[PDB]
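For reference, the chains in residue letters:
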Amino acid sequence: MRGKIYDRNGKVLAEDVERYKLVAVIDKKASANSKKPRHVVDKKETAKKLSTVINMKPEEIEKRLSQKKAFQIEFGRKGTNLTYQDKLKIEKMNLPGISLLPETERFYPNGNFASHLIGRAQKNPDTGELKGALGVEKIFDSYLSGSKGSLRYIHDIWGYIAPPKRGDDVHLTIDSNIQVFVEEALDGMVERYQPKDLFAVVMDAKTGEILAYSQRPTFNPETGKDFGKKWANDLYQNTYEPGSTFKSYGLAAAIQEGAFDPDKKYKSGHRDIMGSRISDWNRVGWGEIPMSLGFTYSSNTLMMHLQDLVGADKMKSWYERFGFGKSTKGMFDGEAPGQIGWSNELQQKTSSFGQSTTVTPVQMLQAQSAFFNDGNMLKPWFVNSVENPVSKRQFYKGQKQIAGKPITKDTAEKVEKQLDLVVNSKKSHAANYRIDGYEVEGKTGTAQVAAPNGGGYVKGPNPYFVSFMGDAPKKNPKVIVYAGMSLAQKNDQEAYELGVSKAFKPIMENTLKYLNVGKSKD
Amino acid sequence: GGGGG
Numbered sequence: 064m065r066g067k068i069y070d071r072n073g074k075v076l077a078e079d080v081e082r083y084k085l086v087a088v089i090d091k092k093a094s095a096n097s098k099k100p101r102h103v104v105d106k107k108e109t110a111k112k113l114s115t116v117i118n119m120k121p122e123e124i125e126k127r128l129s130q131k132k133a134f135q136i137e138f139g140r141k142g143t144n145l146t147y148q149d150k151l152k153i154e155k156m157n158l159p160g161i162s163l164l165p166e167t168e169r170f171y172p173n174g175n176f177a178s179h180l181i182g183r184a185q186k187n188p189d190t191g192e193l194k195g196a197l198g199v200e201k202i203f204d205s206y207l208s209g210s211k212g213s214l215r216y217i218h219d220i221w222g223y224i225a226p234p235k236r237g238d239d240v241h242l243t244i245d246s247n248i249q250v251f252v253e254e255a256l257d258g259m260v261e262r263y264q265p266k267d268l269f270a271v272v273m274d275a276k277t278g279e280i281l282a283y284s285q286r287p288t289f290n291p292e293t294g295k296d297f298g299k300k301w302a303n304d305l306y307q308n309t310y311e312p313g314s315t316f317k318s319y320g321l322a323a324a325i326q327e328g329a330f331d332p333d334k335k336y337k338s339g340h341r342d343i344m345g346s347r348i349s350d351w352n353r354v355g356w357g358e359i360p361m362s363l364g365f366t367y368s369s370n371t372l373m374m375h376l377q378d379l380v381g382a383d384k385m386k387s388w389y390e391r392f393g394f395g396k397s398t399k400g401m402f403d404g405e406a407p408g409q410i411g412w413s414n415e416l417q418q419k420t421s422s423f424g425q426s427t428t429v430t431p432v433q434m435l436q437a438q439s440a441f442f443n444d445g446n447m448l449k450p451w452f453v454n455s456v457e458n459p460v461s462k463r464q465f466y467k468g469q470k471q472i473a474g475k476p477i478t479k480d481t482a483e484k485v486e487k488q489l490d491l492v493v494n495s496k497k498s499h500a501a502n503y504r505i506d507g508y509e510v511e512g513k514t515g516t517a518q519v520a521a522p523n524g525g526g527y528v529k530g531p532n533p534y535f536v537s538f539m540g541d542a543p544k545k546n547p548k549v550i551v552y553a554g555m556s557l558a559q560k561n562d563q564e565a566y567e568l569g570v571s572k573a574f575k576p577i578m579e580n581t582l583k584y585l586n587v588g589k590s591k592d
Numbered sequence: 001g002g003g004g005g
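As you go down the protein sequences, you meet chains A and P in turn. Residue numbers for the first sequence, in the deposited numbering: 64 to 226, 234 to 592. Residue numbers for the second sequence, in the deposited numbering: 1 to 5.
Hint data in this document are derived by calculation from the structure and do not stem from the laboratory. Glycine included, every Cβ here is placed at the ideal spot set by N, Cα and C. Some clues are possibly wrong.
Covered stretches of chain A (chain P as the covering partner; in silico rule of three or more C-beta atoms under 8 Å from a C-beta of chain P) [as the list claims (entries may be wrong)]:
1) 368-379
2) 496-502
3) 512-519
Okay, chain P solo, but in the shape it has when bound:
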């Protein structure tokens, strides 16, 4: 992950 959007 890191973002997700």
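So here's chain A without its partners, still in its complex pose:
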């Protein structure tokens, strides 16, 4: 067998199953050698009797039974993936020339479910051998594959090279219950907005475990629908100009260097950099205001100010210590490193509010974790264990690791206080993200998206990648939820206004409810 892929609760996400294939011998030669006929003798009534199961047009079955004088015939995709109780039903008809041959298929019980993480294994027609083409299935192919026991190698994750055979089972950190909430809410967003790109990830604030992840446009692993259009996994392989979500780190840097004072007033409005009026989202500003406010509002000028006070060279190092521009050394294939945009003053400035600079969504989880774990960034991981279920031998076992402490405990508490404000302030420009009964906090994340191949940015009515990096319960969270949407093709206006609030709210509410986190008032 190819090994199974389980969730954290032990529920199967992928497994091998035995299905069957219909074959009909149509040539008299078969029955020339003995008494009882071994070819279809009454095409007409055989076709009717078979019109009981599956793609039952009796005449279309007769067309196929009537074809040339080939020995044996198949029935396309309908003539495959037949269940065992379908087999039994036909076997009782005892028809001349009809047979079902066993074939193994990879089965994903949920169909479209974390499609881009789980991945998909393709079948070699001739041999019946399954081989991972994307996601888990590809990374862990050798271990999964009960056959390939020559020299087993973990794709790109250099090491663990442990050299009638059953395969190895892969245990993920995913919780099927939380994954449901994600898939449902993303379906909603696609219906509403029809974005070009979309993701949501739920991470355990205190471990770095990925509890749920999906993206649109994804594929259906079961059917092979849409597989190969978008190959890239958003979370690990695709880069984004993150936008205002990225200010959180620009702030932390400052707070620590002692350059940010929440009550100190700064000049908002415009900032002339390299012959360009880089201005706030409102284009006009709010004049002289406290920094605390600027951040609540998401002032682009604030971050630019703060960069100047701290210093270019020092801010670059700050973003590096927050794990950006480098792989998170997660368990996934060809994880994208992104890059800190720092070639000139323009790139540097635009970076502090999340342009020029590219990140993996994961880099961002890693960063954000700092604020709730006393300045320690947690390595985000999704693989709980790879173990042969016969021997119980663990070839890998995942655990929570500290990918760095860039910031202090004091700094983290002060950052959290501002994140609380961003949502729960009197003048909050992010009330849309508030939930009933539960205390939320996080950062709005509106960004311009780059032209796919060459040119500048995408233009249009609202050509924005909106995001929210939220956590709850406030101060001492259970989870981080990061949703991002790129280029809504429908209701682009509401998209800019609400952002991903319409997806974050349900996911977080449902998750907290399922994890039995206490409420207040309805």
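Following the hints, complete the assembly by docking chain P onto the known chain A.
Relative to chain A, chain P alone:
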């Protein structure tokens, strides 16, 4: 962006 509301 950042707000818008």
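Tested hints:
1. 368-379: This one holds; 3 residues, not fewer than the three required, reach chain P with a Cβ under 8 Å.
2. 496-502: Answer holds; 4 residues pass the 8 Å Cβ test.
3. 512-519: Per the Cβ count (3), the hint holds.
In the structure shown, no violation is registered for any of the earlier numbered hints.
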